[PDB]
Amino acid sequence: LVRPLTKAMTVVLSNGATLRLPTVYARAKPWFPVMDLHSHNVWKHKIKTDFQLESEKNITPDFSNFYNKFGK
Amino acid sequence: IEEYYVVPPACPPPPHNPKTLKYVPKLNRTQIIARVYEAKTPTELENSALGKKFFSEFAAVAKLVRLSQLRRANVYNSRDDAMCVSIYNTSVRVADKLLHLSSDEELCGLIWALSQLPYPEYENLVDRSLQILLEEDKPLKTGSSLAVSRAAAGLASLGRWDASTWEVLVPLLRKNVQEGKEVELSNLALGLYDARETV
Amino acid sequence: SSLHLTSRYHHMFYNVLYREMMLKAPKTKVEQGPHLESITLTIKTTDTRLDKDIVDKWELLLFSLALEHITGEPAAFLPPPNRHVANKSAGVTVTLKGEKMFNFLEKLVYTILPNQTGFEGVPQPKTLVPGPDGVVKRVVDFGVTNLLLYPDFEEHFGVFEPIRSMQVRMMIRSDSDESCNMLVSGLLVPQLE
Amino acid sequence: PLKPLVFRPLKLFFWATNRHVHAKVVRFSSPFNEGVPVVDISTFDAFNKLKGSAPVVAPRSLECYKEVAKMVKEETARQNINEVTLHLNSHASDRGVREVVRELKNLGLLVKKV
RNA sequence: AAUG
RNA sequence: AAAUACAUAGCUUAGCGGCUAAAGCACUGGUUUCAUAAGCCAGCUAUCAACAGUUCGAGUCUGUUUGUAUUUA
RNA sequence: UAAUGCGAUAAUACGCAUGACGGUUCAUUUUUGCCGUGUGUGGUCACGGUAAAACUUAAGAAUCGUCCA
RNA sequence: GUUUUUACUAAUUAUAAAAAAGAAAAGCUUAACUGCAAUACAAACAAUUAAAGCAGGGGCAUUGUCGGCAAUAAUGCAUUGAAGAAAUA
Ligand SMILES: [Mg+2]
Ligand SMILES: [Mg+2]
Ligand SMILES: [Mg+2]
Ligand SMILES: [Mg+2]
Numbered sequence: 000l001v002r003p004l005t006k007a008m009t010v011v012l013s014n015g016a017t018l019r020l021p022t023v024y025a026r027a028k029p030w031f032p033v034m035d036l037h038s039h040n041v042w043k044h045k046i047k048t049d050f051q052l053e054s055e056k057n058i059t060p061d062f063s064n065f066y067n068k069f070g071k
Numbered sequence: 053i054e055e056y057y058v059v060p061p062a063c064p065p066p067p068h069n070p071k072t073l074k075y076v077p078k079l080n081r082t083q084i085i086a087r088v089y090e091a092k093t094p095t096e097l098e099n100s101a102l103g104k105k106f107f108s109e110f111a112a113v114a115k116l117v118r119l120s121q122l123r124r125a126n127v128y129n130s131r132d133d134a135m136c137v138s139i140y141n142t143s144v145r146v147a148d149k150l151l152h153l154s155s156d157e158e159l160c161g162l163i164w165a166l167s168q169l170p171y172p173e174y175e176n177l178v179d180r181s182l183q184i185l186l187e188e189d190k191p192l193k194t195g196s197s198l199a200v201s202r203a204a205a206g207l208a209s210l211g212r213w214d215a216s217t218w219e220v221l222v223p224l225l226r227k228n229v230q231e232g233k234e235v236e237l238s239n240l241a242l243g244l245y246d247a248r249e250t251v
Numbered sequence: 041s042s043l044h045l046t047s048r049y050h051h052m053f054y055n056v057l058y059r060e061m062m063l064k065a066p067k068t069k070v071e072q073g074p075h076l077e078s079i080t081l082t083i084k085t086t087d088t089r090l091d092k093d094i095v096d097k098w099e100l101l102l103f104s105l106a107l108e109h110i111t112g113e114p115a116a117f118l119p120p121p122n123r124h125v126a127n128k129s130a131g132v133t134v135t136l137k138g139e140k141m142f143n144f145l146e147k148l149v150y151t152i153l154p155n156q157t158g159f160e161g162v163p164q165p166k167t168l169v170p171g172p173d174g175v176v177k178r179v180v181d182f183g184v185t186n187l188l189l190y191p192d193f194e195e196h197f198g199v200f201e202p203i204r205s206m207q208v209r210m211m212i213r214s215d216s217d218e219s220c221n222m223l224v225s226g227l228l229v230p231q232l233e
Numbered sequence: 002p003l004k005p006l007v008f009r010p011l012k013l014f015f016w017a018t019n020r021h022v023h024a025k026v027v028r029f030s031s032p033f034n035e036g037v038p039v040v041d042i043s044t045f046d047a048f049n050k051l052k053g054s055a056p057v058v059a060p061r062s063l064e065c066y067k068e069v070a071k072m073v074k075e076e077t078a079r080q081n082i083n084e085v086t087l088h089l090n091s092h093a094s095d096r097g098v099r100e101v102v103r104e105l106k107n108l109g110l111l112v113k114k115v
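Protein chains in written order, with the deposited numbering: chain Ay, 0 to 71; chain Xa, 53 to 251; chain Ad, 41 to 233; chain Am, 2 to 115.
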C-alpha cells in the first residue's frame, strides 16, 4: 500500500550522452547498456540523399567474396 | 473473449449537389464592416460577425470601436453588461493572434477603442500596436487624418507622452486643424498634450 | 534533492512532438489529435514457471513485487474467476498514467527493448468496441520476454530468478489508425509492417 | 425505500456550476405557492470582495468557500434565523458545497438534513 | 504332456 | 394412448456431483513348443443413447426427441 | 441558465464561444380510420375516447458538423 | 440494526421496484426487545394483513432511525403431554 522511493541513476549511451533514469536502488557507477537505440539497426531513419540513391542504382556484380576461401 | 469494432466509412457529399436552395449572398470585408457598425444593441453587435470566416482581425477592431460608442451613449442593465463583457473578451483575444495582419488604420482604431473602454487591458495589445507603428513612416504616410487623430487622442488619454512620437504628431495635428479635418480630436489631443507640457 | 521527480518524455510530448503531429495531420480543433491514455502491465500464470491456471496469492507475491520494482507503484491481484473461488487468483496487474507512464516508456525503449533478441516492431493497433461514451480507442499489444535486463533485479539475483516475461498494452485515442502509427513513431517505437 | 416528504418553512439550496457555487435560503408558506428568497450569496460576490484585499486564485477556492459561509452566517443572524434544513440533491455532494456546509456548522448555524 |  | 424400469470400448459388466473411469473376455506384440492349442509377460481401446437446462463443475440431477422391456385398454 | 455549457493533464486562472447553412432526436378536436358503452332483424342509430395502437403540414428547442455560401 | 466513503447500479422461480435509493468496502452493535395501542384493508365465521402514537431498557448517530430480512410463498385450530418461573392451598 506504500509506494517505494524512486532514485536517479546515470546511464551512458554509445554516443557518450548521459540520461538520468528512475531506479529503486542507488548505483554510484554509471551503467553501460550493451545496446542502445543508436547502436541498434532497427532504430535508423530511412531518409536517404541523392548520392546514396545513385550508389544503389549503379551496382556491378562482385563474386570475390565467394572465391576468397578457395584462394586461401 | 474480446470483440472488435469496425468504424463505418465516412460519407462524402456528392458533387454538384447544392448545399442549400436558399439565397445566401456572398459577403466581402466592406459589407461585414458596414453590418458591424450598423448595430444598436449589444446582442446585435455580438451576432454581427461570428465564425472564423467573418470574425477576422478587421471585424474584431470594428466591434471594439462600435462597443465604445454604444457604451458611452447608452446605459445598460445586468444582462446587457454581461453581453458587453463577452464581446470585449473575445475581440481582444482574436486581435492577440492576428495582430500582425492588421493595417495602419485598424491599429490606430484599436488604440483609441482600448483607451475608451473601461475593462482591463489585455496582455500587451497597446504596446505591440505602438511597436508596429513606431517606424515613424506609417504615421507620416497616413493620408487619412482620422487615423492620426485617433492615435494621438488615444495615447494622450493613456498618458504615454512619448517624446519622439508626439514631436512627429504635433506638426501633423496642426496641419489637420488648419485643413479643418478631425478638428475635435486633433484639438482635444493638442490640448491634453499642452496641459501635460505645462504640468 | 538528488531524486528523480521530473519526466523527460512528458516535456517532449507536449512541447515538441504535439506541434509536429498538428502540422502533419491538420484538424479543426486543437484537442483533436493523437493522445496516449494509459499503459497496462500484466503478468499471468502462463508467463511464469508455475504450471496452473489458478494459483494461490502467496505464490504470486514475488511477481507482484517484481512489477513494483519495474513501475514504482504497487500492483494488484486479478479478480477471482468466480465467486466460489476466493483465495486464489490468476495473475497480477498494474496501470499507469501521466508522468509515471512516460517515465516507464522512456526506460523501456531506450535500454530494454534494444537488448531483446527477437524484436523488429510492435504489432498494428486493434480497434475496440466503443463504450457508453461512444469514443473509439485503439490498443497496441506486445510482450517483453526477458525481464532480467533491467538493472534493478541484480541486488537479489536468487530472489528474482523466476521472473521470466511480461505483457504490455497501450491505449491510444485518435481519429484513424494512421494517426495511431504517427504517434507511435513519434514515441520512437518501431512498428512491424 | 424513499422516505415520505416533510414540509419545512426554511430550506437551504445549493447550485454548483462549472465556475461558481450559489447558496440560497427560501421561506415557504405551503408547497403549492412560490417561496421568498431571503439570502442569495455566491462565490462571485466573495471573489470580488477578497480580491481587492487578499489575492485569491479563482472563485472555486477554499478561501472563497469559507468567505461565502461567513457572509451567509451574517445575513441569517441579522434576520434572526438560526436553524435551516438542507435540500439534498446531486449538487449537494460537490466538494465545494461540502466545504461551505462544514464552515457554516462551525460558525454556529444549525443545519439539519432530516 | 490335448492335437497333427 | 396410459404406468413402472433401462440405453455405459469390439461384448458382458463398475460408477450415480471434485476432473471424464474399475474387472473380466476379445484384439495387438513378446515368451514357451518341431509347429498349433492351453499357460506366462507386457500393451490398446478420448470408455459414458441424442438435444436443451440447473450448478463454480454433471456419466451422475431436471425436461424433450428417439429405441427396449413390463403392466393396463 | 454567459455567475451557462463542453474539454483529450480536465482540475478550471486557460481553450472553444450567443449568428448563419446542413443533417439527426423530440392547427376549424390537423382529419380519417379504429375502439368502448347504449339501443338494435345482425347497423340509413346516438354519444364519448384514442396523454393506449395506424395516419398531415409546420414552427421551434437540444446536441453534432462546418474559414460561411 | 445503524453511521462514513464512491471510477459501481446488479440479482432472484418470475417481474419496466428503487438515485438521497441500493450494492459493495470499513467501524461499532443485538430493536431477530418488555407492557400497550387510535384507525383501516380484507372477510360467512375462525383466524390472516398494514399501522401513527404512549411508557421502560438499549444500539448507531447527535437528534434521525431500529418492534428482523426490497416486496408478493417457506405452513397447522382445540385437546393431550412436557419445560422455566411465579401465587395460593
Ligand atoms: Mg480337433
Ligand atoms: Mg372477523
Ligand atoms: Mg434515540
Ligand atoms: Mg425493518
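Bear in mind the hints are in silico, worked out from the structure with no lab data behind them.
Don't take each hint at face value.
[As the list claims (entries may be wrong)] Using 30 Å as the maximum straight-line C-alpha spacing, the simulated DSS-like pairs for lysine-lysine come out as follows:
#	chain 1	residue 1	chain 2	residue 2
1	Ad	140	Ay	6
2	Ad	69	Ay	43
3	Xa	149	Xa	193
Here is what the structure says about each hint:
no., hint, verdict
1, 140/Ad - 6/Ay, "13 Å, holds"
2, 69/Ad - 43/Ay, "33 Å, violated"
3, 149/Xa - 193/Xa, "26 Å, holds"
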